[PDB]
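The data below hold one chain only, encoded as structure tokens and taken in the form solved without this ligand.
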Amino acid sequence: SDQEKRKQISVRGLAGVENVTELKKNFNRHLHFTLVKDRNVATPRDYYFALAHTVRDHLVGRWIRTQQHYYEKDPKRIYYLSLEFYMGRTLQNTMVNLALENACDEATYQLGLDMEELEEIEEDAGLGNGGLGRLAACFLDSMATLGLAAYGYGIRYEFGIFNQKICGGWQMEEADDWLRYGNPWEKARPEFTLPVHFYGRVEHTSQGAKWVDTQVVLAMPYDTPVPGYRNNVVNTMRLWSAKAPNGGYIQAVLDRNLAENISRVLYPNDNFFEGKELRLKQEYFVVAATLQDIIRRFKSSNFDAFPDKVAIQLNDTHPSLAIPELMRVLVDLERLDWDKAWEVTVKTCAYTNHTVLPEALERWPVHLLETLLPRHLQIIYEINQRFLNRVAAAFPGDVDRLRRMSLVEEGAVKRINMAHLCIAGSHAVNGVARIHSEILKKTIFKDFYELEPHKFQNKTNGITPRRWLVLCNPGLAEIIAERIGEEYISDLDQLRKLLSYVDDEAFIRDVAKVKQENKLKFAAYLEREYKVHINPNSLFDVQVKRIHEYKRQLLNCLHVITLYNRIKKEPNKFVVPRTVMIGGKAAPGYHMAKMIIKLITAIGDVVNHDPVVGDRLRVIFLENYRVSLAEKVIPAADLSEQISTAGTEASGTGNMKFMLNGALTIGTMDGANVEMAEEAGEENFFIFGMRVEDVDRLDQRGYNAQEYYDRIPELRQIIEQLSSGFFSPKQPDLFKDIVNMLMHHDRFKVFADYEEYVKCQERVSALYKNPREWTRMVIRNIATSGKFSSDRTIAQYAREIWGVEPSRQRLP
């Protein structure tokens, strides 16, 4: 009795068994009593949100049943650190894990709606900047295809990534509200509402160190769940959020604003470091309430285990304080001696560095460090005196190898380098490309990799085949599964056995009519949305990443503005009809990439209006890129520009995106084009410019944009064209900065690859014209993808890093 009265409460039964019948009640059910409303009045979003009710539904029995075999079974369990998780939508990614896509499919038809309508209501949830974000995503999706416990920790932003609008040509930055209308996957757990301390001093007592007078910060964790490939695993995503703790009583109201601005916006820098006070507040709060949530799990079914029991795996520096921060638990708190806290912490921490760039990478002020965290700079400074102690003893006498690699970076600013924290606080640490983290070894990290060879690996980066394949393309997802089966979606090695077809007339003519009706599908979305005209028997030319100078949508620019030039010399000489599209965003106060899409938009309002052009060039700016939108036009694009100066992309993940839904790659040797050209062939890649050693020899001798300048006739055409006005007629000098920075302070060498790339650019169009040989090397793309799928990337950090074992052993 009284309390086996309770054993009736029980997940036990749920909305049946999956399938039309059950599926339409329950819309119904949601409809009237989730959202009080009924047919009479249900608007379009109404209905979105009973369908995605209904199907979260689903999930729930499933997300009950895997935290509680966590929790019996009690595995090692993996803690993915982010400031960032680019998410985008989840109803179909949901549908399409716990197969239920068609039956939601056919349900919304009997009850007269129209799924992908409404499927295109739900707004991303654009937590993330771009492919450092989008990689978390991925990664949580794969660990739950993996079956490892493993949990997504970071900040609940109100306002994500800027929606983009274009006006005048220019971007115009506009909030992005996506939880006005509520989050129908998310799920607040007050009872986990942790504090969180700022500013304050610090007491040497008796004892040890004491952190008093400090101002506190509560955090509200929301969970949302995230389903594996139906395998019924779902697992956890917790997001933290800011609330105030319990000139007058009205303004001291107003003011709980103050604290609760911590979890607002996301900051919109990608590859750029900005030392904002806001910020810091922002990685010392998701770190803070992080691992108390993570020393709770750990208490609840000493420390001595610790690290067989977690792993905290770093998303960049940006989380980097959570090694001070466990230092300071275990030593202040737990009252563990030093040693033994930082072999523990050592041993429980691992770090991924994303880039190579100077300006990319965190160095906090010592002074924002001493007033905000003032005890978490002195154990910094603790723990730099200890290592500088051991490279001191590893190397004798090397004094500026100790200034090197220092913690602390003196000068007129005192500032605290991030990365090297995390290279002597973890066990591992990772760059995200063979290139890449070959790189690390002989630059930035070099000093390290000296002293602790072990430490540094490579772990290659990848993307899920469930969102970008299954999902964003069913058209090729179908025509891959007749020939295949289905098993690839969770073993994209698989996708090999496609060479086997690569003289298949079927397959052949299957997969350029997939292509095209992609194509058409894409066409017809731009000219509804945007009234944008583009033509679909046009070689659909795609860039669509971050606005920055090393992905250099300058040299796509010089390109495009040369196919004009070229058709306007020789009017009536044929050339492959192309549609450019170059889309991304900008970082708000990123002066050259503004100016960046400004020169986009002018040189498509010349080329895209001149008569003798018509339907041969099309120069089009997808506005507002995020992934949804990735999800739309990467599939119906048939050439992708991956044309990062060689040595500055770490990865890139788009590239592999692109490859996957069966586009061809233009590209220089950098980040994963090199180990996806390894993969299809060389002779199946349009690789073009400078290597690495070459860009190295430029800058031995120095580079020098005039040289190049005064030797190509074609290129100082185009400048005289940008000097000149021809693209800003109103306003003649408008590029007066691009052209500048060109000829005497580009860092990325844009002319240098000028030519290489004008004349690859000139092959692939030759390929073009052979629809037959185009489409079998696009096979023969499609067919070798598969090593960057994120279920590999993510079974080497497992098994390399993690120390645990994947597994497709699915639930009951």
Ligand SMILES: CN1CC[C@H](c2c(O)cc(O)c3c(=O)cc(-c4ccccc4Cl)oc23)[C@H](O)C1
The other form holds:
2 protein chains.
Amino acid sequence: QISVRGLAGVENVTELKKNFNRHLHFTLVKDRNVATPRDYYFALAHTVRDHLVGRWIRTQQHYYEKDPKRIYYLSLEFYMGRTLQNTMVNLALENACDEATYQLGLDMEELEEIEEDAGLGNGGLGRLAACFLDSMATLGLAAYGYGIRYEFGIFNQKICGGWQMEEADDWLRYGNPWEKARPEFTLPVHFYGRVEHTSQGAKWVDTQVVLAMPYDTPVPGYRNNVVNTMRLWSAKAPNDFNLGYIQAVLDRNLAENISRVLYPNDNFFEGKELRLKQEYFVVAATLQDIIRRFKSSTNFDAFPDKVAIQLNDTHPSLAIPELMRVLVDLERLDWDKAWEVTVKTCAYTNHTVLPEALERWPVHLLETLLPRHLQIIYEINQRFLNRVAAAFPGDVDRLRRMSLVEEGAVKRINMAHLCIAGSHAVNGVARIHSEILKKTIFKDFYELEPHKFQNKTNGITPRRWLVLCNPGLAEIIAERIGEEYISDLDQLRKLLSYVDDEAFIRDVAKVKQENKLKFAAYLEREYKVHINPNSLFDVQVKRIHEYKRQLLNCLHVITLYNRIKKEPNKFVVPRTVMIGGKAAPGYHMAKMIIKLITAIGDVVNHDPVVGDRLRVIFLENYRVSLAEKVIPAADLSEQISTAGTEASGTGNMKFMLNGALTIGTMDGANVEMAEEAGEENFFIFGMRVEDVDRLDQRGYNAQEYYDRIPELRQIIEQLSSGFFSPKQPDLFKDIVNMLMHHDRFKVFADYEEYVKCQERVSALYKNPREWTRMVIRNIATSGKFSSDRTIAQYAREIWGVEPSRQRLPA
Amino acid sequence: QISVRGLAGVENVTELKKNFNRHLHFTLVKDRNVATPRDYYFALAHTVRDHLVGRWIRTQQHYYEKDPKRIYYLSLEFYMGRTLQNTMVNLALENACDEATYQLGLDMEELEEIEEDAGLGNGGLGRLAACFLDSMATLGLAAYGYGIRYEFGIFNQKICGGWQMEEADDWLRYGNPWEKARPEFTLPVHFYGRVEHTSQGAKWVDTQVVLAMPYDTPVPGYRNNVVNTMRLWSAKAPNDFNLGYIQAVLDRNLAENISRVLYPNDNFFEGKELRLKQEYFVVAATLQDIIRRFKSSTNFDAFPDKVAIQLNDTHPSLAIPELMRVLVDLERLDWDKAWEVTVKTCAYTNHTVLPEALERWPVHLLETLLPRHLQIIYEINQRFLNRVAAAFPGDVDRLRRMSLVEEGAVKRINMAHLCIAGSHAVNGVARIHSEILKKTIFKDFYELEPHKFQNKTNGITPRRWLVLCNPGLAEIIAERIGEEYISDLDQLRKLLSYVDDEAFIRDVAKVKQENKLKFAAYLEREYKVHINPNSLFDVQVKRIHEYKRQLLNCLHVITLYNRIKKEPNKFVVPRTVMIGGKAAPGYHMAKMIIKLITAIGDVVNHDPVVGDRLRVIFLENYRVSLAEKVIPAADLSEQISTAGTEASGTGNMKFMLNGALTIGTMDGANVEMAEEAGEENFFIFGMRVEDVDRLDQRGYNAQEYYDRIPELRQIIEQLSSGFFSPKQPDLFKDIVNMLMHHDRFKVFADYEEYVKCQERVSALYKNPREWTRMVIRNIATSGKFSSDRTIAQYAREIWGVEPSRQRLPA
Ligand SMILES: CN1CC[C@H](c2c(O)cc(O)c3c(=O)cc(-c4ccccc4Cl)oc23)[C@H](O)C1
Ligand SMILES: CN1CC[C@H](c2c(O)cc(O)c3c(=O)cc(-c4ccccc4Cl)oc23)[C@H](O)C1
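Switching conditions: you have the form solved without this ligand, so give me the form solved in complex with this ligand.
In what comes next, the whole complex appears, and the chain from above leads the way.
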């Protein structure tokens, strides 16, 4: 149908149809009379998977022969989403498969909806890892993603009585056609035990063993015939485990629990033993695999020339002392040489400055679980602090500030400090964030080793986040400037010369309207909810957090409702306000915010005076596949975190690429987005980082705003009196109390400017032509935010490898 | 190479080679450079599996169109062993695959050794179910095996310091290429809860739900293009299960533990809640599946015309009250009609008279776990006892003897009594056993309903137990009488006219010698043990039991050793005595017997005076695949259970078919074997059932035998004094004490006759020609013991269906 989806050749379509039929018969053991839509999905998935294998085998053979430097990306999270469409896009198979399935009497889009998300992440950090894998493959890097194959990913969110309920994401129930189990490469991982000192060094003995079994998933590059590997580890008990008889067999579950479930916390540290086991498990298995591959090319001097290890946050920070352990205890290298190798191998990416996200593990936990690693950490700390003392003589407070060991009620290890000490590079994820690192939380470390500190502004893959989810937009762009932008997103700048093109303006606006109609149809079919497709689609989708300020959005929504009720017969630009996202199960305030949103909707959506002028919808079970549906349909992107709290954001970039305008604070990557597009083409409001700092010095008093803003007073009175909860008048007492007395994120301080700025949004939306022209200026300048750019910078500035767009032979 | 293994056509070999290469590439994602022998095994397994699917789909389609009466074989155990060779045999693919793999540079026998046994059974009962499935498919019956897919089957046995050690049989570790998961046919199973009585009957409410997910395995008939199904259920927690968050997800293991592990007890009842859950789990899921299929053909009058349910022992006895529950509570049938349907549908097979194997469940367990079933059982009991009282008025002791409810310290339900009441047929498994049932333990029931009681003498499949494991013998037989005997084993009688044929005598003896050489080679390669292949191979392989009397064998072994030591320079026929089998982990005495065997070997095998005249070897990890190796190599089959204790035995039949002579008591199927071959061609010794009865009346005094038999006294003195355990003199005190004071199985009473009979064995072995002629008379008369005969009798006399040897179109 459309050009960017590839060719549907006679030979290809015929071959796909026959291989589809073969898989239905031989693989699924079904015929057409009994086959269900799910059977058809699997037959298609297996058919497409067949096209990967040849390329997958030859890519890995190529790496064996050429022996390039290998990149190992370690993450506890890989938020992959669905794989079928992505694979078709990257292999240029989409139109051929669409045709083949059509001739078989099947609708391919319907089959695509059957695939479960691989929801092995919480949000931004996990999705970044996924975009990165795509970009590394597209840029021809010898890269491997290493993580955990969780049996249960991020929970499925149900809304019951306006409240979040959690249920197990049993994503493997029907099988996963993309993975290949590799039980032959199973490796042992050690826990507990004790340290013995002998004539020939330290020995870690009397350990409990858990097996790590790898599952490999192919990662295809964009039309370059490169297929890289994501290797995920699964926990297995050894066969002599606890070996009355029956109980010993049942107790194997204890060992296998390590890979059972993803901790559902977004930017929050929970200091639980099971989590620590997961972190060591992935690190220990991964490092053995790395060393084995390195030896199969004695001399570890060349190790950093052949290996790079990227730590996605501090979660895999144990890689540092584990590498030291292997090199010193097992390979018998001297400390100083092992350390040189470790530092030159490892690099660390920081994702947040928020204190509650920082990993600080109790010494007593590491003492019991990983006794040798604790000893190595103490030794790292001693040697590091000796360097600090020699650089800054007599500065005793600096020594205590920089220590990897934090003294107090319970002694803890600061994992971020460990990462900085043991890495040759430390990066933040947006320019403002990286500057904050150097100026505040890691200031001491920056003064000691300034060369270590870098910035690598985040990005998103334009394959998933444009071509896949918004083919209509990708096509009208390709009609003007060709297809090369898909792997060179900077070419979108060429669209600036079409900002006054009447045909293009009409086409951009038409693509948006179609996306909005499709999404309005999705909502009725799957959730029986009625929305006006001619209204402004105002969307905030992201994890529920106090720092992300869904509450500020709530306050605006109520303001609009109150204004309508005061002057019912006045014209207002109609809006559909959509808010979605998951709350961590134990995050009480975030769960209260969800209830508030649904409670507002219950009042607003049923007021006859409002009509279809204002609608408030909570988007249930927000996840990658839902993002691919709602983001193309959005007019307004809400990016309204308190300045200095959102390190980068990536959701912001997805909206920019897909033709929504942004209302946002000067926070994270919003700053660079506004800089690229021009501040005139962005709806910027609120305190800057400097303004937040000034308010903190003075002391934030929420009462001041309550006293001086009558519209804000009314909302607080409504919340307090039970206007939004008639049967439970005091339901939102915690929210009001927080806002009035302990709001770390200064919701009231940005309220006036936010409301004013929203009025300017509505004014522009009244002028469709000028709305769309501003949209074109955003899309045209979104190129910087391709993860291809991000990965090219990691490659050249951290990993010491050169990216390549050259094809491998098919 | 050999005729019975089929044709190796040019077209077939070429096709197999290309499909092997396809699977290696696309399925295993490997090329020849990195592929391991295991990869080659899987490529072959997938290639052979492809040949099943067409036949599998069309067989099940055939049953849908013709709508025959369906046979449902319910068992907690299916001891399948390996599947690859069996599938090739039944599809006539063995020579073609041998050729195809040879041309690829691979040895097929080596690849066959890679496959794990499906060890989902303990011994005889589980292996009987497996032979039955093979025969039902070969006889064209619309049959389904229903069981549990245990994650862990019968433990792998290791011998350490002469002691049995157990380890988990992780048989699914590398995957199972034969099964097809069917998550779409998942069914709920209910536990706990309570009973509510309403206006419209009883209701079972507030239950906990466990999901039952089916996995289907193909069961191919012998060259008839029929492929039947074995459906095994796996336990899955529902997604809202226990839905802090993390613990709730981890607690899903509790539900899934139901299908985790096979109880490793052979002919022994262990009254554990987990076992009861397994028994209900298989029954509840199976019965829903049966009823669904029956409806997809309102009127349950035709139910018994379309459905037969065979209960393999009392393990699935809950099928009776569960069928009543569904028919009465859910379908709203009146009691009397539901009962009529139930009785006409169900039939029960008894496997033993030993009291410790009989299932007697505490009322309090059923009360908590299955409250509605307990109520139904009480009602069954009341109505049944009203029938007894009307038939035998005033016989109050009969009422208490026949009750399904046993009164005492703890009230129990007798599951065997339940089965008899609710079945239209009850069978024993050998003529002597079935007579014992009618005369002793079920005498009261026989007097009430004599028409119910039948015999169905056990059998073994000649495919696995001759063609597969002994191709050399199968071939020399086929050279004389053709191939038709493989599915009509009675044709072996034609071999009687070759008993004086000098060529045949030479060939039979040559095949045995080759088998013995092959097995002697297997022992050195895998276990580094040296045996003399010219010695008499004296073997007892079966589960370790007091009733099976491995101890009597031990006493003979010691007698032989003592006789050699007394007269070293006297000629004796050299023997290799092999004993193998697993002990239930909690069966202390059986574990002591294993230690005794190894302890005897330690002394005997290292005495220089003995030389290679006597060797004692414990065969480690006895299982189906080992049986297929040792049975063809055996000269003498030890079948020496106390008369009246071994219901049938099936190991006995395997040895008879494979050219070993039998030393045995008149017990189980030994009686019918001797009757078929002629008592002159069997080494029968010891007490008959009548002699055992007479000794019990008088009182068994072991001291009498000790006092009057000097050779026996010496052995007991040796055991007591520490001759076989110098460092632990009192090691075997328990064994001696048992033998002298509490031996329920009268080891001493059969000792003299056994030793005398063994002397007659050695005498015959000295005359190779006459040994072999007696062998020919055994093989020639083994036809009755084909499971094809057994299944034809079940079909005609219990199930009301006619077997068919007619081919389905390929
Ligand atoms: C004082 N108390 C407030 C709640 C907080 C908390 C919980 O008790 C439980 C949670 O799951 C979370 C969470 O997911 C994220 C954040 C969080 C994360 C970043 C910034 C600010 C906050 Cl409040 O906080 C959480 C912690 O107990 C400290
Ligand atoms: C008195 N005591 C003896 C041991 C017996 C027992 C155990 O304690 C544990 C077991 O695992 C078994 C077993 O597997 C088989 C038999 C058994 C089975 C059939 C006939 C005779 C016997 Cl002894 O007995 C077992 C039971 O506790 C009664």
